[PDB]
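J.: The chain contents come next:
Protein chains: 2
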Amino acid sequence: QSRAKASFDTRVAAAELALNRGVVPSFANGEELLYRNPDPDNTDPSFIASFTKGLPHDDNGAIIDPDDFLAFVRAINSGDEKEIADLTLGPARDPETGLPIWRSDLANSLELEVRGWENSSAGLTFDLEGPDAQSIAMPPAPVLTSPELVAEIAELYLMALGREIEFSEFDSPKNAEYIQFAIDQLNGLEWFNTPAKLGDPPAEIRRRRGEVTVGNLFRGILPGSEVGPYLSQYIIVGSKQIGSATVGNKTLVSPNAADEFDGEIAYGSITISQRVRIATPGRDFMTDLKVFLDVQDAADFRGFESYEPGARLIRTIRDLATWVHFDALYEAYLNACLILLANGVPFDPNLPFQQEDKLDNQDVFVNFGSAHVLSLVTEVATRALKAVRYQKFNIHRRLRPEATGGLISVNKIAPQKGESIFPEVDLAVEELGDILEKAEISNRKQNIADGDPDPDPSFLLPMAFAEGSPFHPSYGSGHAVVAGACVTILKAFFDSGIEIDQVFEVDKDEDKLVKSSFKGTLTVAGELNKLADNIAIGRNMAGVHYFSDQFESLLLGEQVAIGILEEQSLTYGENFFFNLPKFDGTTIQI
Amino acid sequence: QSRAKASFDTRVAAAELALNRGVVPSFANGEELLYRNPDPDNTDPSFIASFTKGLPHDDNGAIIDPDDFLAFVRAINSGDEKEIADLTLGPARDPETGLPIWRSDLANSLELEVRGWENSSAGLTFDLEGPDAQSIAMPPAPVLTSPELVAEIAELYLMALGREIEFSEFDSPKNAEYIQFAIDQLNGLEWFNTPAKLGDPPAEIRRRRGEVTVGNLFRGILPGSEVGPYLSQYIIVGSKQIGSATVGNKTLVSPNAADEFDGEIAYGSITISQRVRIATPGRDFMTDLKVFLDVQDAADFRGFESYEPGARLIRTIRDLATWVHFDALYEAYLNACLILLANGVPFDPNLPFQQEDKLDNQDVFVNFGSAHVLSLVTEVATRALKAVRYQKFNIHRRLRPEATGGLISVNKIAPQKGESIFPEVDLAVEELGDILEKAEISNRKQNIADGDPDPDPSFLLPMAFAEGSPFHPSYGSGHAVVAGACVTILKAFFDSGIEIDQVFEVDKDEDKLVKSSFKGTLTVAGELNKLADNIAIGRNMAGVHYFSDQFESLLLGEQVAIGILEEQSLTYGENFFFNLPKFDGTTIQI
Ligand SMILES: [Br-]
Ligand SMILES: [Br-]
Ligand SMILES: [Ca+2]
Ligand SMILES: [Ca+2]
Numbered sequence: 009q010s011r012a013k014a015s016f017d018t019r020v021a022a023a024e025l026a027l028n029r030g031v032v033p034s035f036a037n038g039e040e041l042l043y044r045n046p047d048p049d050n051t052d053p054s055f056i057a058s059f060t061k062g063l064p065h066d067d068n069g070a071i072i073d074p075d076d077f078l079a080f081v082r083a084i085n086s087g088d089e090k091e092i093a094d095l096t097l098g099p100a101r102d103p104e105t106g107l108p109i110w111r112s113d114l115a116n117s118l119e120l121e122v123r124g125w126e127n128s129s130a131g132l133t134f135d136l137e138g139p140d141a142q143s144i145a146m147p148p149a150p151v152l153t154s155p156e157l158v159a160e161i162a163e164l165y166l167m168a169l170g171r172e173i174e175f176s177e178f179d180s181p182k183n184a185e186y187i188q189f190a191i192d193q194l195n196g197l198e199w200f201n202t203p204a205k206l207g208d209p210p211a212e213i214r215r216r217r218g219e220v221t222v223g224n225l226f227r228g229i230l231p232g233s234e235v236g237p238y239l240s241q242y243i244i245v246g247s248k249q250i251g252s253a254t255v256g257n258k259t260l261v262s263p264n265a266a267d268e269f270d271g272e273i274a275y276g277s278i279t280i281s282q283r284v285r286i287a288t289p290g291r292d293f294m295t296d297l298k299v300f301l302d303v304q305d306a307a308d309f310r311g312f313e314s315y316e317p318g319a320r321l322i323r324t325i326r327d328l329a330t331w332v333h334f335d336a337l338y339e340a341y342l343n344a345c346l347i348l349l350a351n352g353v354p355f356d357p358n359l360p361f362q363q364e365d366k367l368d369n370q371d372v373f374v375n376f377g378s379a380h381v382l383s384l385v386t387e388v389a390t391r392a393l394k395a396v397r398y399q400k401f402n403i404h405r406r407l408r409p410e411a412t413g414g415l416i417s418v419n420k421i422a423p424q425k426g427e428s429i430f431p432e433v434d435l436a437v438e439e440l441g442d443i444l445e446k447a448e449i450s451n452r453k454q455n456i457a458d459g460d461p462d463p464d465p466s467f468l469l470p471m472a473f474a475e476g477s478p479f480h481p482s483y484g485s486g487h488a489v490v491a492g493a494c495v496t497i498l499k500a501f502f503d504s505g506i507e508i509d510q511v512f513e514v515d516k517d518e519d520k521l522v523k524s525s526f527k528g529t530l531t532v533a534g535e536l537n538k539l540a541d542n543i544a545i546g547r548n549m550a551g552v553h554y555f556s557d558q559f560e561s562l563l564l565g566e567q568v569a570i571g572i573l574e575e576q577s578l579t580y581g582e583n584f585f586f587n588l589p590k591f592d593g594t595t596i597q598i
Numbered sequence: 009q010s011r012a013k014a015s016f017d018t019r020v021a022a023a024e025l026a027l028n029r030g031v032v033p034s035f036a037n038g039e040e041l042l043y044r045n046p047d048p049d050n051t052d053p054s055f056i057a058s059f060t061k062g063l064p065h066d067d068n069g070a071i072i073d074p075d076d077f078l079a080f081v082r083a084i085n086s087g088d089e090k091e092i093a094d095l096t097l098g099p100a101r102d103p104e105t106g107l108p109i110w111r112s113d114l115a116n117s118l119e120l121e122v123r124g125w126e127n128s129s130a131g132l133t134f135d136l137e138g139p140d141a142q143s144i145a146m147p148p149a150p151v152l153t154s155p156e157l158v159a160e161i162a163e164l165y166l167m168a169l170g171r172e173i174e175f176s177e178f179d180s181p182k183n184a185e186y187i188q189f190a191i192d193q194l195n196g197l198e199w200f201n202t203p204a205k206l207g208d209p210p211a212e213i214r215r216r217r218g219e220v221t222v223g224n225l226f227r228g229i230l231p232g233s234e235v236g237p238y239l240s241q242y243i244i245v246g247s248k249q250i251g252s253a254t255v256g257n258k259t260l261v262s263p264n265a266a267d268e269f270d271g272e273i274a275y276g277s278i279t280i281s282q283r284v285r286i287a288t289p290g291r292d293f294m295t296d297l298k299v300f301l302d303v304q305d306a307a308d309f310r311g312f313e314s315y316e317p318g319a320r321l322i323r324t325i326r327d328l329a330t331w332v333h334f335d336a337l338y339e340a341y342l343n344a345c346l347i348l349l350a351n352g353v354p355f356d357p358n359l360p361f362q363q364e365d366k367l368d369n370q371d372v373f374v375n376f377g378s379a380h381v382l383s384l385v386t387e388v389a390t391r392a393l394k395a396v397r398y399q400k401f402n403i404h405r406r407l408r409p410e411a412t413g414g415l416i417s418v419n420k421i422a423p424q425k426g427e428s429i430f431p432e433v434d435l436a437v438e439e440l441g442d443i444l445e446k447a448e449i450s451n452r453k454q455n456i457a458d459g460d461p462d463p464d465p466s467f468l469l470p471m472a473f474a475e476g477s478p479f480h481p482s483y484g485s486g487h488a489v490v491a492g493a494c495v496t497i498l499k500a501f502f503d504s505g506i507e508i509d510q511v512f513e514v515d516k517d518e519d520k521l522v523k524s525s526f527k528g529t530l531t532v533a534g535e536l537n538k539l540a541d542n543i544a545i546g547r548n549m550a551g552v553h554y555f556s557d558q559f560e561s562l563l564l565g566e567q568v569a570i571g572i573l574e575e576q577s578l579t580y581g582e583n584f585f586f587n588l589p590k591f592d593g594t595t596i597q598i
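Chains H and Y, in that order, are what the protein sequence lines are.
All residue numbers for the first sequence refer to the UniProt record's numbering, where the first residue is 9 and numbers rise by one.
All residue numbers for the second sequence refer to the UniProt record's numbering, where the first residue is 9 and numbers rise by one.
You may find that some hints are simply not true.
Same chains, same label: a pair holds when it works inside one copy or across any pair of copies.
[What the hints assert, rightly or not] Straight-line distance between alpha carbons at most 30 Å, and here's what the computed BS3-like set of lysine-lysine pairs gives:
1) 366 x 298
2) 453 x 298
3) 425 x 90
4) 205 x 298
5) 13 x 453
6) 248 x 520
7) 523 x 366
Hints are computed from structural coordinates only; laboratory data are not their basis.
Working from the sequences, and respecting the hints, build out all of it.
T.: See the structure below:
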């Protein structure tokens, strides 16, 4: 048939193949209508566990008008420009000047404006490749009264108080006290010590973590994430620089070969510096109740973080939070791809024309080569982000971890004033005694540094971002969804089973890379899974996503990338398939 | 209807839109069968002006067996891995070791292996987005006998002699001698001084260049590319760094804000260094006829280039040729996207939710925001590359500038031994008198520095690449096609009319950025088109593509990106359109 007709038939076949996977029914966990207003005469939902950021709140963190949130859900579902623009985002505005009235003196002094929701209607957007944004489902979110939410909040609080601790010094005497405290606190939760029971949802069993030790503290449960050093190589180490290529029998050593171990990627002919901007040690954000409520009222605190001069490799937990703050959602994975290409890590052996050119008489650049893997790893980003935008806005609308920190703060502060509100995070407040008193001390220090001479006790979750979380629900996680998608693309493309010869870890005292104490071996698949875990959990260290958000988002992104590869494989007429190890350990040939 | 069916219908509608565009019939120019063998008793085509790189050659630059090039063409048109694998790529091998027998002592001492064609079957590969690789056309390439090819090869030779010439010092007295020589030589060619006549094909009329001056020497004919400094800001300058964002009424200055004028992009939390690996100055490659024949015989000289320690901003023509060597084909364009995002340059005003979040109540990240353009400007790259592969392999198969230099050199050396071969490049040889004399001087210097004590006269085109051009025909150009596509995406996304306040240029005698003598105003569209011009003419400065290659490839990439944007706009249900200023002045709304 005609080439135009053949291409049209190929696109139609890809669309039909996307259809054949079907729409997995995505179920919310019901926190939207389960929690009602505590007022005896008001039966309207409190929407405390829903993503009520941007809508006006009272002094306690819930929305003053529930109909504000139903309008938000209607705008999400319809996606109309005017309907979204008609929402009551932000607090009451000053009639004379139009500036919204902020609770905190900081936001009022800054004369902050409101910030809108980040692409509420992106879930409704269709995709020309991969599964539709609504064609793939994520499991019901953890409930506020469930022990899983308690464990997630414990883990995030323990990252917040340990944002100044270094990844290389997790098992170090100086950080031993805090690391053991965090391990004991996590192992004291029903989620970690008690194993999954028969009859629980399969995703809940799959995403349930076991006993927390030093070797898996603040780590994901992806295969290869819990082995070797904490930081993935493709997040710290550079790459084989320009000029370090073997031509014929001889191999030239680039004069800039030291940049490979310095943490400098060979971004083609230029260099990507793996060193991250140094956010100020110990400066957490949204530790004040008024500032937290202003941020929940859509305070545009974006860019308010203070940074130290220069840049350094990821060493502290706050450094990883900064790394994932303005991450491009494929910056980490494009960096991994560039490292793999520069390092000479060959693609999947099942890809065509991967042999030495004496045999196949063909070099792979546009297809099954550098350009193809780069383009696929950065194009899996948009479809995955649309899928996670659907899972965030149109189904789950989970409250952000800063919102669950605010609920816990008001719950633990209410007895001090003789009140009692949010009997939903009561289990969390009871279970997080030591964690929440450490958090109270940390937030008192942070508020004293902020300018409050004697701040009231605040058990709010310390957060590395001035603006708090991005302005979309916590479940699922956009960076973890694109993590799963891009890392799955890279594992399908590159020979993911290849062991890494040089395992590098950041120095205890210096800003440079040294050989890790890990005497074992790490695969390329292991490194990419560790990088996906790193980028996902760096959001937890920012306090912007829970762990279950990260894991289920990684699985959803894995589905996104699998669908894209299945649809893309129809385009290439070569006999080939992607030997892709999934996040569950099984390998799917695409 | 159902959401799965709605998504299927949207994808089928994008496919139908690509189909209704219709296949534009892409005509070759006839070089394949027009030039016969000079042997009186052999009527087989010589294929001197077709892409015969890889196939065995004799001591003159043609293929010894033309029936080996028709096998290559059949492998191109079919696509089968097995058919490609049986081609006779490389020269006759050695029966005991297997390693091919080379002509040059360099390639034999290196013990090189053959290198394969870079995705010769990628043209047949379909896509799930944009125009098919065969649904759009490029005009026939200029013939060897044409005055255009004379101009392109003369300009590439002049670029090769002036690879040590600095962009900032084009209008400086230190290079004014060679610069004026180049201007006078280009103005002497019939292509430049004589204007396009009525009847001439519209594409050649459009791509014809006028009088060459300092301000347009070695520049493209894209809008805004000719005006301002040579280098585009989005190839030299960095971007507003992390921490420089303004919050409310208070603007923050980053502690490392001096990196935006240093040449250090804000790759989110990390930094992309705009500095480029310093290639060894003066050292050109493929200046010896034996080494050039070995490269034509598929000598894997990849990575053989020598580099100086450290890195510097693009300051010499060789530095731009090196910048585009390992370019990811969206490296420059991803850099431009990151610069534009970090600098705060607004997106297209016609995109939705682009207002201050107190009006639209929505922030754009996934769609019409950072992630959308960030991923489109790269996802366009592989579709553009498939289209240009088609154009390279299945239709045009234009010989590389190194191949045209080899023909010119053999033709000009034939009278020295009394022979007379390649009447086709006779006009190019006779017009290029002073240019080829300077080329002979430079090639003699390079061959003396390469080991030969008394090199034979060589008029070969000196090239900054040890492996020479990649293994695909020069027409069209992969990086120029992706330049057109990515710059078109960037202009359709960002507000291309935005005037750039700070226009910078590399210091004349230092590796740092200073303000430029350009007193006019430059736009985001101007610098994006200038960046596409920079990448394309940097491929030319490498001696791997002629100018018509770059310009028609840029037009093809513009076509690719318009098609991709048209099919994408169907997905987004928001009311919006891209205000895209095409490369021909006119603005298309998508
Ligand atoms: Br997101
Ligand atoms: Br290409
Ligand atoms: Ca190969
Ligand atoms: Ca907006």
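J.: Evaluate each hint against the coordinates.
T.: Results for each hint:
no.: 1; hint: 366 x 298; verdict: between (69 Å within a copy, 21 Å between copies)
no.: 2; hint: 453 x 298; verdict: within (16 Å within a copy, 74 Å between copies)
no.: 3; hint: 425 x 90; verdict: neither (43 Å within a copy, 80 Å between copies)
no.: 4; hint: 205 x 298; verdict: neither (41 Å within a copy, 74 Å between copies)
no.: 5; hint: 13 x 453; verdict: neither (67 Å within a copy, 55 Å between copies)
no.: 6; hint: 248 x 520; verdict: both (16 Å within a copy, 26 Å between copies)
no.: 7; hint: 523 x 366; verdict: neither (36 Å within a copy, 51 Å between copies)
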